[PDB]
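Q: Below, each chain spelled out in residue letters.
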Amino acid sequence: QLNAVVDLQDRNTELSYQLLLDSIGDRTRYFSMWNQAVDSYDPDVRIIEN
Amino acid sequence: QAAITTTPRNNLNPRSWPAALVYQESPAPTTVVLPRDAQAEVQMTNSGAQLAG
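In order, the protein sequences belong to chains D and S.
Plus 353 on top of the position in the first sequence (first one is 1) and you've got the UniProt record's numbering.
Plus 57 on top of the position in the second sequence (first one is 1) and you've got the UniProt record's numbering.
So here's chain D without its partners, still in its complex pose:
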């Protein structure tokens, strides 16, 4: 009866994946299974070009 998940809420495991994937191949790329394309915004809208 082993436990490889003694994982507490203090450390990062949810955030561990995010900043590592952004370094290899940029997250913006199109994918099938993976919802790879980033939960971002419009860079030309948040700063007004009015």
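Quick caveat, the hints were computed from the structure, so don't treat them as lab data.
Be aware that one or more of the hints could be misleading.
[Said to hold, decoys possible] For each label pair, taking beta carbons as the anchor points, the in silico distance ranges come out as: (1) S/105 <-> D/354: 20 to 26 angstroms; (2) S/109 <-> D/392: 31 to 37 angstroms; (3) D/358 <-> S/102: 14 to 20 angstroms; (4) S/99 <-> D/356: 15 to 21 angstroms; (5) D/355 <-> S/82: 37 to 43 angstroms; (6) D/354 <-> S/95: 17 to 23 angstroms.
All residues carry an ideal CB built from backbone N, CA and C; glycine is no exception.
With chain D's structure known, arrange chain S on it following the hints.
A: The following block gives chain S in isolation, referenced to the frame of chain D:
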């Protein structure tokens, strides 16, 4: 046949039997050392790391 392996008795039909030559089985003490080490576990768990082996 009444003297071949019988082992002749003190009284021809006794009451309470002893242990000699009535095949008292002695299976040898099964000796295993340790599944995990006690001395290797005390030093780590008190100072830092947690384990599951």
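Q: Are the hints correct? Go through all of them and say.
A: Here is how each hint holds up against the structure:
| no. | hint | in the structure |
| --- | --- | --- |
| 1 | S/105 <-> D/354: 20 to 26 angstroms | holds (22 angstroms) |
| 2 | S/109 <-> D/392: 31 to 37 angstroms | holds (36 angstroms) |
| 3 | D/358 <-> S/102: 14 to 20 angstroms | holds (18 angstroms) |
| 4 | S/99 <-> D/356: 15 to 21 angstroms | holds (19 angstroms) |
| 5 | D/355 <-> S/82: 37 to 43 angstroms | holds (39 angstroms) |
| 6 | D/354 <-> S/95: 17 to 23 angstroms | holds (19 angstroms) |
Hint violations for this structure: none, all hints satisfied.
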